[PDB]
Amino acid sequence: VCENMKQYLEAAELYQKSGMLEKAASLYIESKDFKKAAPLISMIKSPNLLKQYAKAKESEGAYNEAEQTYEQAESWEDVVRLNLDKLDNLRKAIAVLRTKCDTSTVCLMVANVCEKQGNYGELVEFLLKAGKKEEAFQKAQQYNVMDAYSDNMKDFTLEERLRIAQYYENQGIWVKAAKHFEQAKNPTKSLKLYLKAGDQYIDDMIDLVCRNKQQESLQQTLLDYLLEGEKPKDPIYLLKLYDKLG
Amino acid sequence: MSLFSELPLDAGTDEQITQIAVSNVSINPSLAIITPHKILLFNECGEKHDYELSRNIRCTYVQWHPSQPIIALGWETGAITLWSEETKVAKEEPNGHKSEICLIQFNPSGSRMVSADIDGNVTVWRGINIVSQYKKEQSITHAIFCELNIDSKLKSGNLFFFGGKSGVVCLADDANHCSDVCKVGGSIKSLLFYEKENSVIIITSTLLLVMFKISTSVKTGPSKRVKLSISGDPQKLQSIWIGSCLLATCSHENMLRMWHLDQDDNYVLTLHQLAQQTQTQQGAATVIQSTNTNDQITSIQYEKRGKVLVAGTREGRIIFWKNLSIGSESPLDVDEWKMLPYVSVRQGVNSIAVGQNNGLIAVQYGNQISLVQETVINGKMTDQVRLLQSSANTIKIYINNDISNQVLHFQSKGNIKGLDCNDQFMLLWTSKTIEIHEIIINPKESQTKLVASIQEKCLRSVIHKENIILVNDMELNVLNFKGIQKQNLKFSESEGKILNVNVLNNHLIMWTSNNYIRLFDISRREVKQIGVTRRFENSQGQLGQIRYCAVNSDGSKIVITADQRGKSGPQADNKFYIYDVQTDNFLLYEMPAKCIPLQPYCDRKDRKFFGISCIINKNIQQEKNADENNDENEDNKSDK
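Protein chains in written order, with the authors' numbering: chain E, 884 to 1129; chain D, 1 to 640.
One chain only, chain E, in its complex shape:
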């Protein structure tokens, strides 16, 4: 009755003296009697009481006590949220994320924590682990960090290879874009653009000949391009690749 009307604490001492103390501990962590509730948190291990106590700690402003309370309560999403609030310990946050088998939702939360970095590469790997690979696609290509994200996603889908290719080509690099082209499982495109590639890359193109024997325009057009290429070069390499062709 007395806790229902206005008086909370007095009901809590009455609860303690009446032999039932769970709601007494709940009211202590509800009221400003954390010093008395500390032994109560000590002997009993109620996880809900621990979560409410950590909420009280983050309300009062104590960051390390609430961090430890959330750590011992197995609620480690609140741990990274508190790290966002004051700690900003992203290294330990990443360690906790790796150790505790993060899910897609926690992957979105750690994407949010990485949003306040300005680099977004860690965002790229985190969303790669997430599996949320549609808006991450456009964020990665939009922030010109397409290289690593494409390096990871080159084994999952190929319906959007062309825009990956064009957007990576405008960056000014062609050494790794060409390897992406070869691995993209597009024989005609890969060969027609290794036509424009240099002499050193031809060996890799020759390796593609070992991988894609169905086509025949690749070797013929490679031969045609090298026939008139600059002045005569070492015939040994040319005859080696001819013998490899058959």
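It should be emphasised that the hints constitute simulated quantities derived from the structure, not laboratory data.
Quick reminder that beta carbons are idealized off the backbone N, C-alpha and C, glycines included.
Don't take each hint at face value.
Residues from chain D that keep clear of chain E, each with C-beta distances beyond 12 Å, as calculated [unchecked claim]:
no., residue
1, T77
2, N121
3, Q296
4, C614
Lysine-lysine pairs mimicking BS3-like chemistry, simulated, CA-CA at most 30 Å apart [claimed, not checked]:
no., chain 1, residue 1, chain 2, residue 2
5, E, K1096, D, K91
6, D, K135, E, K1096
7, D, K338, D, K396
8, D, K88, E, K1068
9, D, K91, E, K1037
10, E, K983, D, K155
11, E, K1096, D, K98
12, E, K1037, D, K153
13, E, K1072, D, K91
A partial selection of chain D residues facing chain E, derived with a Cβ cut-off under 8 Å [unchecked claim]:
no., residue
14, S492
15, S494
16, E537
17, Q540
Position chain D against the provided structure of chain E, taking the given hints into account.
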């Protein structure tokens, strides 16, 4: 519980049909007919599509994408074709194979495909391109993708097992790594895969089930060779996987044999239930021949979404069975299975095809074809309005008047799929179109007028105020009475696919296939997403797979009944969850295992009050009673 709607169809062809296929698209299914010369395509309405895909090259096999409208065709020359109907695009491979393609199979994700010919050549295709080729002795009947319980680094979906009349089974994948297991032998009829035990189930003509056990680096012979006492034709024997581990076998005989692997229990379903149905149906002026209840069954097909098993007798009777067992676990005995009223057919049924679109059935007998659909009894409640879908066309409307309860019977043009109401209007959506009705209430009589009809395609339509929200598997949009689109909102691909929605007052909620819950407010003229998307995930781990959802009056409390899928183990989970939007947590309620929650219901006006329906598990109570009563209890006298 359910009603069956049968629609006869007009073949209108001189050439005898050979093959029938049903699309597996969740909305607006289509069916395909393969004849020696022509290739016909029909919509759900049963009319001939204007486009015709008949080609000079003879068609010998056709397959449907499990979750997409893309069709795959295989000719007699080994060439394959992939066709998208919605955009009408075709992509064919000339050098698909050098021999005629026998069977085509698709992995559940649809990423990979396997094409086998009579000469024994099996090619694995990533999409439409050749990846790996294998040469095997003698023809291979079928090939199905296998996923053994292997480490994550060694886990890949390209693994598959092929079985044929050669009696040789080998593991293969797109990486050209062929693991030759071989062994067994004989004329293998069918092959199946078991995930938890990594078991290969082989059915041959020798009436000997072979449950082969295989490991990544260890080969083990069949632990048990199950003998069948089957009086029917061994060649015509077919077995299907029912539930988690049930095996249902029929061999053109009156008896249906069900085997349970967990305790290796065999039971039989008979046709004397058909005798009881004839007794309960031949009680009026009905022209039905003498009861021949020893008839054999030609084809058996099971649908998981409807939980309906359809069996076809050779005298022209289609019998239906319902899996009343709760959860994905297989039934343990005959009591769980339920028997549903049958369908009378003129001639003996030949083929049955099942499509995962509300359990659509295509039935073929002789040269005649027909469609079968399952309609769930839908009941809608609003103030002064009770709506019941007793039959396909008959609609029962109940109006509460203090003087007396008024009952109205409404007749529609054809079958009606779904109904809704918002205290003023009655919105009905069927396969063809969507209609809105205004009901006028008067003590002498109630008259209903159709305000409008729009020919738009959608899964669920919810009417509020003056606008209707249409939801499709990927999106949700708003429509008005005139038919303008104020707004449309999309979803991401990996959050899941919209399965079912719930609406109450001014709050609507939907859950996707990947245990993702979205809450929307419709009090505003335009619907607005409240909060953020929430996976059904706890900090410790995933709770399970969502089964049913309910929302209370204000929208603060959401009741969830879910199954945890305990890997061929405990019967789902008899503990339910309550979710609070403010705290964004999922409190868990535990209740005694005597009952299993089935579907929650939330009170319309009271926030704190709700109710739950529970199915009583009769098997476990009997088992516990048998265990307990066999202890110092013998010859108790009197009062028993």
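Okay, the hints, checked on the actual structure:
1. Annotated as non-interface, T77/D keeps its C-beta farther than 12 Å from every C-beta of chain E; the closest such distance is 18 Å.
2. Even its closest Cβ contact with chain E, about 16 Å, leaves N121/D beyond 12 Å, as expected for a residue assigned away from the interface.
3. Remark: the non-interface label on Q296/D is consistent with the geometry, its nearest Cβ contact in chain E lying 48 Å away (cut-off 12 Å).
4. Every CB of chain E lies more than 12 Å from the CB of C614/D, the least distance being 26 Å, so the non-interface label holds.
5. For a cut-off of 30 Å, the pair hint linking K1096/E to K91/D stands: about 21 Å separates their Cα positions.
6. Distance check on the hinted pair: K135/D and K1096/E sit about 18 Å apart at the alpha-carbon level, within 30 Å; holds.
7. Distance check on the hinted pair: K338/D and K396/D sit about 27 Å apart at the alpha-carbon level, within 30 Å; holds.
8. Pair hint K88/D plus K1068/E holds up; C-alpha atoms about 25 Å apart against a cutoff of 30 Å.
9. In summary, the hint linking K91/D to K1037/E is supported, as the alpha carbons are separated by about 23 Å, within the 30 Å threshold.
10. For the suggested pair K983/E and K155/D, the alpha carbons sit about 22 Å apart, so the restraint of at most 30 Å is met.
11. Note on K1096/E and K98/D: the hinted pairing holds, with a Cα-Cα distance of about 18 Å set against a maximum of 30 Å.
12. Note on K1037/E and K153/D: the hinted pairing holds, with a Cα-Cα distance of about 17 Å set against a maximum of 30 Å.
13. Restraint check: the Cα-Cα separation between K1072/E and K91/D comes to about 18 Å, which is no more than 30 Å; the hinted pair holds.
14. Hint status for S492/D relative to chain E: holds, with the closest Cβ pair at about 6 Å, below 8 Å.
15. Interface restraint check: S494/D against chain E, minimum CB-CB distance 6 Å, threshold 8 Å, status holds.
16. The closest approach between the C-beta of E537/D and any C-beta of chain E is roughly 5 Å, which is under the 8 Å cut-off, so the hint is satisfied.
17. The closest approach between the C-beta of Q540/D and any C-beta of chain E is roughly 6 Å, which is under the 8 Å cut-off, so the hint is satisfied.
Of the hints listed earlier, there is not a single one the structure fails to meet.
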